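Let me begin by presenting the structure, written as structure tokens, before commenting on it.
Omission of a single protein chain aside, the complex is shown with its protein chains in their original locations.
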């Protein structure tokens, strides 16, 4: 146990009275609305989102990185920190690894995971940066690089990610690359995309029968003029071209200003190509901020689409959700905790929507009551539900407060040496 | 008189009184545990008012089409009758803002009708973004900043007329939003156009009563698609600062560039004493003029967080002239204004719930996570019971839209008004 | 017929003939030093055409107001007379795109008038984004994707009628742009609305002759301010792929989210054979519908770079149906359409100057600087002499707007057509 049980118990007991009052008050209010709070809590306690191993360390910008104390030294320290998030929120049982940052003996990774009560989600390849001893640089691209040898090198890297994943229990490979151009004319849009499609087709052939290959679009950054996989349209063309095992990932902050992101989610689901959603929030670009910290309603609207799919009876829909954030000015663990909380919060609210009433207002084109039907769910404070779900599953009623009371950060700060060079 | 039968209001209130008592008492207990007296909040909420636009009671449209509903108001008198419903049921919109010449009519009759309906009059709104019948000079190429002196003079005179009308009905301010700008690079000389605007506004200011305020409203684009004279809050500040103490800036939510941090603009204008008021609506793409809070309710809350913080910081002489400015293209205008007025009080109530002492502590200690969580604890609170009880206690409806529909008001005016 | 007196055209051409010869010969020498034959470029420019929207010759407006000019066209026939002026002077707009029901009239008269004016007819345009007098079902909440079956059927029938009208006048395509969408979250179920749209379009598709095309046009927003059924090229692609071989996508410059790489979308649609055509205009904020190239001329060039690259790589079965779609709120509509058609040919001509071999080399070598400079060398070239000479040799004017103004055309039609009144837009 990363966090002492007596601490979790103590902090839970301290807040039990208030939780009881709020939960029972909410339960009665929901009952008057025809909703069984117990049915909602039962589903909330089973909603999981993968945590990125790279999100536990402090992030930075091109201008600077301001590390906190006790920064994880490697993947094993990162898993240790991910275990804190899972123990306290019970919403992040699986961790997504990034290669080569997290490269290590697969057996040791699996053993540590099992010891901490953590599983492993989708593997993530890295061809947006150069690793030591690399025969070819990814400065001008990777999977879509003009140089055949460079693409082959990128392909082999992705195949290695699959091998590592097969050894630790992973069932998917996520591919996000920075490939693109910074100047008009620098790249031939079509040929670059063709090169990418050819390389991804090779990676696709290395997929086990029960694996998925996820491609992730991004409007810009690192490329500032054009990006090969720039939007969901190109992303759909990729997944449709590659095959049944290839699907698209939607990262909230990877879209143009004012984009209706929830619609993209709906479109991909309709055509069976929504592999998963990567959570974070943003205001300007791919800010990678804590989920729901900027636009909580948008997060709820994305979940409304995810829940409606289930309501419509979409078959074989098992998206692979993951948080992908950079924590530049907070304790990474605390941000991941509250971000996972916001995600469950939006999910819980989406479950409260009176779909029967909504379908009626939609058919009669009663726009005001339709939007108000969504708002009645979104306006509901579901914190008591989230808190009870945690209590029941061994988590903390107030995760961050408990984390702080445990003195975990100070503890790892004394155990881990800060990098000097 | 009452546009909505008092027995319908009573009936629809009693029907929901039991559940409201339950929700209000529960929220009261929760707030008490948080060191907040729900009664103090309700008391402030029932005193929060936002002006309704006379032009918002009719169905709006786009350049592609307008799809009117039934019982559309024929003139300003029908509009006042409809605005009276919004005030009667929400009790949050006691004042109506008129637009000239659309609402031109015997000011004396307007005031009489207002008093009878329990409505007051807010800021006057001039119109030099469209041509009126018999108008000598067209505003096609501008008004107050038009290159032709005679055209600017006509625009100035029109604004002065708006003032005369407002003085007769109890208005204490003139809001100036013009479409002046250009659609092509080179069409206008940015500086000369602005100089002309400033000189024209100075004439209006000269004729402004000393118990009135003059509001200028910035807009990034539309109707101008390349440049706009009063394009942003920076230019707006220059205008207000140049004109005088009685001149201030109006911030309309949907009038900013994509991703703009609007709540910061609000804070900046307050700090320099030039925030005349805020015009509410919501948007996703541009100046969509949608129902307030229908798209980004948190942003609305953040704007109110700055308004409430101004009081908390002890800012003096701060009395913003708030107004709703929306276009209702696919809903019953009355229902939208009702729920928009509600959303505005909702964000206000949540802002009142912010533990300012705690927030200040987290800000000084640079505890970003707890600081943002402190705002969220307020925002996540469902204040609907407070809004409903405030309405119930002041003569309004627990559920305004439900009561509105139960009254059959729309069917009623549809029969009294042409098709 | 000649809307503009031939003597005026000749007069204004002779007046500028000397300077043109000097500039054309100078550019010719410069291009020669660059291994380019100016005659080869002029020859292609003279053959580049873009359809003109019938509704574009009238003064446009916003939801706040409309400020009509003098001599506003009363209907399709007046509009055709005005379009004829654009074609006569620029020689770049031989075909006109009709909009129904605005231009509804006897197919025989339409065709007869076009022939007399030297105008052909391009893609038909359906209108289910507004209500017409006596209409049985309102399109307030949608049309092809409306929740009401009868409303959808009415919309389908209207579109089929557009195809019938087009078959009688020489048209070979139907363009479908609707405002269908929502203004509030929850108002529409995104997926169900799209399913309804697809099903309705499938019915329209069934009525397409074997040599006809069906074009769907995406738009991020307006009139819908929360969601739009056909919101972007991604959805547009799904439509075209679902409907069939005869269904393709139209890309309207100002219909994209801020900062979108529009030229890439063009390339993507070409790669997958679904580029139905490009609708020209320019913008700075949203769907401003401004004169092409008036705001971002380089972006216009970059779009043409993708079009010309395809036109050079032999891309078979590539005959995009280009059209101008602009709103002229503060200029004489005819003059704007004239200079817009000119800007389009300007971008095209510059794209033709790109050294494709050199560019290909810099791309393979990842020489970003020289690759971008290769495009700039073409774009920086002032091809006005080529455009003017192309017009001169084909019966057009060296300086179209100058000739238009010298002819007194506007004042003429102003004296023949009833006066128009200014007013407010759909705002109220």
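We call the chains A, B and C, going by the order they appear; numbering starts again at 1 in every chain.
Following the convention adopted for this analysis, a residue touches a chain if its C-beta (ideal position, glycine included) is under 8 Å from a C-beta of that chain, and two chains touch if they have at least 3 such contacts.
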The listed residue (C:6, C:259 or C:394) that touches the chain absent from the view is C:259
Only one of C:47, C:74, C:313 or C:380 touches the unshown chain, namely C:380
Contacting the left-out chain: of A:74, A:100, A:106 or A:257, that is A:257
Where C:38, C:80, C:295 or C:321 are the choices, the one touching the absent chain is C:295
The missing chain sits against subunit A at residues 59-64, 66, 128-130, 132, 137-140, 178, 181-184, 186, 219-222, 224-225, 257, 282-285, 287, 289-290, 293-294, 326, 328-330
Against the hidden chain, subunit C presents residues 19, 22-23, 26, 29-30, 33, 258-259, 261, 284-285, 291, 294-299, 330-332, 335-336, 339, 366, 368-370, 372-373, 380-382, 384, 401
Across the whole complex, the chain not displayed is touched by subunit B residues 141, 147, 182-192, 194-195, 220-221, 226-228, 231-235, 237-238, 256-261, 263-265, 267-268, 270-272, 298, 302, 305-306, 309, 313, 359-360, 362-366, 368-369, 371-372, 374-375
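One rule holds in what follows: only the chains that are shown with their structure count from here on.
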Chain-centre distance (mean CA atoms) for subunit B and subunit C, in whole Å, is 39
Rounded to the nearest Å, the gap between Cα centres of subunit A and subunit C is 42
Note: subunit A residues in touch with at least two other chains are 257-258, 260, 297, 365, 367-368, 371
